[PDB]
Amino acid sequence: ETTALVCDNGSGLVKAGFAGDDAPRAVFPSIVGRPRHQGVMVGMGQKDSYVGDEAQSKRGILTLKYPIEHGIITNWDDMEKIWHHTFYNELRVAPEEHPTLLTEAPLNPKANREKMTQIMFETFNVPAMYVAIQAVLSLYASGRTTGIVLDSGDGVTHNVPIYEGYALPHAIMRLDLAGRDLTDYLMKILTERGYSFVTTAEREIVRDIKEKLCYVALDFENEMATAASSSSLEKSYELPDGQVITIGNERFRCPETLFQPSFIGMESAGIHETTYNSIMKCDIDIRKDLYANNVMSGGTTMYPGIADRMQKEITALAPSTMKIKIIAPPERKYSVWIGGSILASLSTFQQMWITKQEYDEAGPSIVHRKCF
Amino acid sequence: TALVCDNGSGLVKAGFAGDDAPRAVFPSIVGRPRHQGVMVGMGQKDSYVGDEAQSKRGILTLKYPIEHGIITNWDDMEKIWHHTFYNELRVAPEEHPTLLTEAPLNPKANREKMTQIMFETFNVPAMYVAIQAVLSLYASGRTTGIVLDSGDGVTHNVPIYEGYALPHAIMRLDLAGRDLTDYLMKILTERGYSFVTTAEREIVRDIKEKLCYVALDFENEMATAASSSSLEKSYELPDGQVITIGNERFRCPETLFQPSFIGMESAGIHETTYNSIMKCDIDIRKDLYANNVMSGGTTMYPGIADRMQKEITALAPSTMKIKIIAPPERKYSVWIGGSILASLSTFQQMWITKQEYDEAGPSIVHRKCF
Amino acid sequence: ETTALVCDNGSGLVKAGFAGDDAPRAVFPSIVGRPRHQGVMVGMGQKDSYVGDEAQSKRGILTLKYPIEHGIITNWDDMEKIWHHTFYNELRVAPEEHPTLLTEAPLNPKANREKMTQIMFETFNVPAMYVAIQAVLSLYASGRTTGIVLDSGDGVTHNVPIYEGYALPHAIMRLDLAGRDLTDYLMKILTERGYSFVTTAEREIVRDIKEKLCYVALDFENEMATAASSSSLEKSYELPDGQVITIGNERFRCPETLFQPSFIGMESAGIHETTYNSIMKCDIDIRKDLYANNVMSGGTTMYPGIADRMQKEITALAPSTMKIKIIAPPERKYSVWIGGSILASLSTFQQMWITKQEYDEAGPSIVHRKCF
Ligand SMILES: Nc1ncnc2c1ncn2[C@@H]1O[C@H](COP(=O)(O)OP(=O)(O)O)[C@@H](O)[C@H]1O
Ligand SMILES: Nc1ncnc2c1ncn2[C@@H]1O[C@H](COP(=O)(O)OP(=O)(O)O)[C@@H](O)[C@H]1O
Ligand SMILES: Nc1ncnc2c1ncn2[C@@H]1O[C@H](COP(=O)(O)OP(=O)(O)O)[C@@H](O)[C@H]1O
Ligand SMILES: [Mg+2]
Ligand SMILES: [Mg+2]
Ligand SMILES: [Mg+2]
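Residue numbers (the numbering used here), protein chains in the order written: chain A, 1203 to 1574; chain B, 5 to 374; chain C, 1203 to 1574.
No lab work stands behind these hints: they were computed from the structure. For every residue, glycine included, the Cβ atom is placed at its ideal position computed from N, Cα and C. Be aware that a few hints might be false.
30 Å max Cα-Cα, derived DSBU-like pairs, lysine-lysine [as the list claims (entries may be wrong)]:
#: 1; chain 1: A; residue 1: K1483; chain 2: A; residue 2: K1525
#: 2; chain 1: A; residue 1: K1249; chain 2: A; residue 2: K1283
#: 3; chain 1: C; residue 1: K1437; chain 2: C; residue 2: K1414
#: 4; chain 1: B; residue 1: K112; chain 2: B; residue 2: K335
#: 5; chain 1: B; residue 1: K190; chain 2: C; residue 2: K1317
#: 6; chain 1: B; residue 1: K60; chain 2: B; residue 2: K83
#: 7; chain 1: A; residue 1: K1558; chain 2: A; residue 2: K1317
#: 8; chain 1: C; residue 1: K1390; chain 2: A; residue 2: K1572
#: 9; chain 1: A; residue 1: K1267; chain 2: A; residue 2: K1283
#: 10; chain 1: C; residue 1: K1260; chain 2: C; residue 2: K1535
#: 11; chain 1: B; residue 1: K237; chain 2: A; residue 2: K1490
#: 12; chain 1: A; residue 1: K1483; chain 2: B; residue 2: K190
#: 13; chain 1: B; residue 1: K237; chain 2: A; residue 2: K1483
#: 14; chain 1: C; residue 1: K1390; chain 2: A; residue 2: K1535
#: 15; chain 1: A; residue 1: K1572; chain 2: B; residue 2: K49
#: 16; chain 1: A; residue 1: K1572; chain 2: C; residue 2: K1437
Label pairs and their in silico Cβ distance ranges [what the hints assert, rightly or not]:
#: 17; chain 1: C; residue 1: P1237; chain 2: A; residue 2: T1276; range: 30 to 40 Å
#: 18; chain 1: B; residue 1: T125; chain 2: A; residue 2: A1530; range: 50 to 60 Å
#: 19; chain 1: B; residue 1: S198; chain 2: C; residue 2: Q1513; range: 24 to 34 Å
#: 20; chain 1: C; residue 1: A1530; chain 2: A; residue 2: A1530; range: 49 to 59 Å
#: 21; chain 1: C; residue 1: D1443; chain 2: A; residue 2: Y1439; range: 35 to 45 Å
#: 22; chain 1: C; residue 1: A1530; chain 2: A; residue 2: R1346; range: 45 to 55 Å
#: 23; chain 1: C; residue 1: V1400; chain 2: A; residue 2: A1530; range: 19 to 29 Å
#: 24; chain 1: A; residue 1: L1548; chain 2: C; residue 2: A1530; range: 48 to 58 Å
#: 25; chain 1: A; residue 1: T1325; chain 2: C; residue 2: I1447; range: 27 to 37 Å
#: 26; chain 1: B; residue 1: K314; chain 2: C; residue 2: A1518; range: 49 to 59 Å
#: 27; chain 1: A; residue 1: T1276; chain 2: B; residue 2: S198; range: 41 to 51 Å
Please model the complete structure; the sequences and the hints are all you need to start from.
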């Protein structure tokens, strides 16, 4: 009778809702904003902190902080504020009568999961909770059991291969390059045309420009030559103060760091090379079934050129007698949450929760013996 | 309707007595999971038997219950027999007498535990145990001759005169297709290919079944392979990679004629056959030389009959006629001979029934059975 | 007076010197470093590549490559640079007056040995060269003639049984699990405490941590229990930037992969089981002398718990009436080189060289005729 809750706490967005539904009920940014200027009018309900869309609307007088960086919760009072906001104000529920399913990136610190368990059991005390891997939930939402998931969000980009319900944890790859790094690189290369975005409020403007105007080039050198020849690739964007800026090659130089990390000084290889190395680290008899089942999930995989570029690069890397298929659904921005809405709804899952009695018996160390 | 089951070291060939071909031919492997299961909307078993193992071997560790002809694991043999009776044949073992096969020169406790398991767990009205090379001679339409039975675990040379095997001339060589698969895995490291896992052992087995052959003259074949690339052949891996082998095609089966390639003390199959013939009386040696019968899958290399003819002609006296019979269906020849034997009229009183097992115990198979 | 050179080209280190000496004169890493950034100051040297210790000195601005992976040379131009820096910079000799002795792991590709012979004879042109197995040189240095040698370095762990100078080829076993895989596994499991190491320069730091702090437990489960029970097995290490890390139970989980290869996803058996299988593939009358003369060589056999653990495991596998003695010399990090100098200083080895005229007559295939 008790309805389970599915909460996906990424680095940039919080997607929370109920199990068994199709879409998340509450999608809001994971920001806590605090005032930085001098308040002069008395009273009028001035608050010392702002969470979510209220922090985004008043961001001209606020300093915005993200509690999670690179998939790791760095500030815990702000994370308590985020969880209190998504339980009492957005979802409008009482957490003492709802089990909770949370998500986590692979190769994370164990103390993050231990403190998530301790805070969910001692502050918002739940009957049950469970922490799950996001790529497994993406594979649940895809409707299949075999595939290699490339999940790229705001802090982490990770590859997880799964064959017939069995994961290969030695081939799991994690890269700390995601949409916030692309936002910072776009902020850096916007100064070549004279545009200066420095403050934490203007990072959101640069993120909006990246979401609206950036795309992935199929050929990088041909697109650079096309931009250098004619002004057919230039687009205009209107700033909130009415200013109009114009960008050319910076539309496709920004997500190219996903394929050339050396643009931001990283020594690692691209996401296509990471996916190929994750496939080639698996057993030989499963690789074919991986090659036809490349699944992309997350916001950073939402550029309108990325599936064709990934297919071209993997087809260049793979032998020619193999079929390479990139699976990009239109709902892949929320796919992890949809997997939670599947996984908490299964009758075979209800014995996998971590109850309060088990937490009192074992402490906050049962989350490693219970969750993978 | 009787049941004929050939439980080889590498394959299981089972069917009904009277049919001309086996109905269930599947690998004798048990696969178990190796990695961490993360999805709960799945069947999620713990043991896979047969082709279901071969369709899932990339996440599985494979085990053979039979090693070098003798049964090492009896729980896995129970699983093999259960899958044979209930999933591949769709029969009830309470209604059908079952014929079983056994390699010659084997420990007696293997037959003891075979009869005990077949009468206590998979209860049959009757059962019988037969020698494989005798059935392979029976399937070829003759009653006198020498059978070279080479399979997955053992190679045997059995001479049979007037339907009776001669036990003082039965020769056993502990070299068969599993050792050839492992030797091919060892010698593919020279060209840079690494095969370690039990799943890749099946890939190398497929390579051996597809590309290898027997050279007529080994030194001349090695000379021609080192002169030009006219013997190189290509194979496409399951992941799309292309490998090329030039002289491993004939070096791997040469262990049948030179067993020291894998470090075994015994002589080759030609000397083994000549020794098995030469232990017999002089008046039957002409019939044994004229009736050489090949059997099993390891005799399916496309050069083995001519090479065996050349070597036995070299060993034998020059006035002796050497004829080697290699039937095209010799991969299924123990089963066909068992089908012929189980469909005979007078064989029906040679069944070991359950009442005689109750009155005797797990030792009747050494008195009523051979 | 043409003294011979003994050069051991491992996967991680190069140990080179003169025959007759008791210690290698040049021990340096087998790396080539190339710049990953741009040079803004002019008037310097600024060479395009760095070999050996100079690559390790400025590894923060270089990406590092190993020309030898799992005992097999993959990059041959980098191996040209390594051998040139060995002959002309670390030894200061001209390799036209010294015959050379090289080492190779067993069950290697034939093209590696053919190309080594070719590059020795018409690039660094030598009067003579020989290629020898490493484990027989370890037994030559150990002073015995019968026994089974476990050589474990940076790329290949191999077991070779030798009876009265006869290497037994059908019981030689090879595993591609060595110290580099251990370094990668420690790099992976260091992310549980939050320590993230990504670049190729940080792999050297993790290798230094492994060399300083890791050890082999006698009983793994009791060690895990006492690590979880008390904070008495923790140790601290200082990074180059001054930060301090602490590891408690990663010290014995990292070399547990040598005994449980399933930690990195491999299906193979442990080194103790490989040793027992190598002994069981020998003749039945020589297994007593092989069980009494177990010799450990290489750098991965330098953990300070490995001899007692190997003794316990082999005594478990062996029959109860057998005597098991495992010999670990204190100088076993350089044991292939010492036996190589012993072999090259012998009077009856002077007919076993491959001369230049023989290479001219027979081409680069006489190394399969004159060398084992
Ligand atoms: N259409 C789009 N094009 C490019 N980037 C996008 C798009 N939509 C969202 N993003 C990026 O995705 C990132 C977060 O995606 P998501 O994975 O849904 O959140 P989280 O990482 O918090 O789970 C943001 O940094 C945002 O810039
Ligand atoms: N075309 C072929 N060429 C060479 N060997 C083969 C061929 N087909 C099958 N084999 C070998 O025959 C062996 C098994 O044959 P068979 O005797 O029918 O089974 P079992 O040995 O279990 O009785 C396998 O190990 C396989 O390697
Ligand atoms: N004291 C030690 N403890 C643990 N590992 C060590 C120790 N000393 C060396 N090693 C490891 O041994 C490896 C190389 O050893 P060695 O066999 O001497 O070189 P190579 O493998 O190049 O021949 C290095 O990767 C290093 O990590
Ligand atoms: Mg996310
Ligand atoms: Mg058979
Ligand atoms: Mg070495």
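Taking the hints in turn, this is what the structure says about them:
no., hint, result
1, A:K1483 - A:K1525, "19 Å, holds"
2, A:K1249 - A:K1283, "13 Å, holds"
3, C:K1437 - C:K1414, "10 Å, holds"
4, B:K112 - B:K335, "27 Å, holds"
5, B:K190 - C:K1317, "22 Å, holds"
6, B:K60 - B:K83, "17 Å, holds"
7, A:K1558 - A:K1317, "15 Å, holds"
8, C:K1390 - A:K1572, "21 Å, holds"
9, A:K1267 - A:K1283, "12 Å, holds"
10, C:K1260 - C:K1535, "26 Å, holds"
11, B:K237 - A:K1490, "23 Å, holds"
12, A:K1483 - B:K190, "22 Å, holds"
13, B:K237 - A:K1483, "27 Å, holds"
14, C:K1390 - A:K1535, "29 Å, holds"
15, A:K1572 - B:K49, "20 Å, holds"
16, A:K1572 - C:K1437, "29 Å, holds"
17, C:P1237 - A:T1276: 30 to 40 Å, "33 Å, holds"
18, B:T125 - A:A1530: 50 to 60 Å, "53 Å, holds"
19, B:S198 - C:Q1513: 24 to 34 Å, "31 Å, holds"
20, C:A1530 - A:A1530: 49 to 59 Å, "56 Å, holds"
21, C:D1443 - A:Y1439: 35 to 45 Å, "40 Å, holds"
22, C:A1530 - A:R1346: 45 to 55 Å, "51 Å, holds"
23, C:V1400 - A:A1530: 19 to 29 Å, "27 Å, holds"
24, A:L1548 - C:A1530: 48 to 58 Å, "54 Å, holds"
25, A:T1325 - C:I1447: 27 to 37 Å, "30 Å, holds"
26, B:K314 - C:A1518: 49 to 59 Å, "51 Å, holds"
27, A:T1276 - B:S198: 41 to 51 Å, "44 Å, holds"
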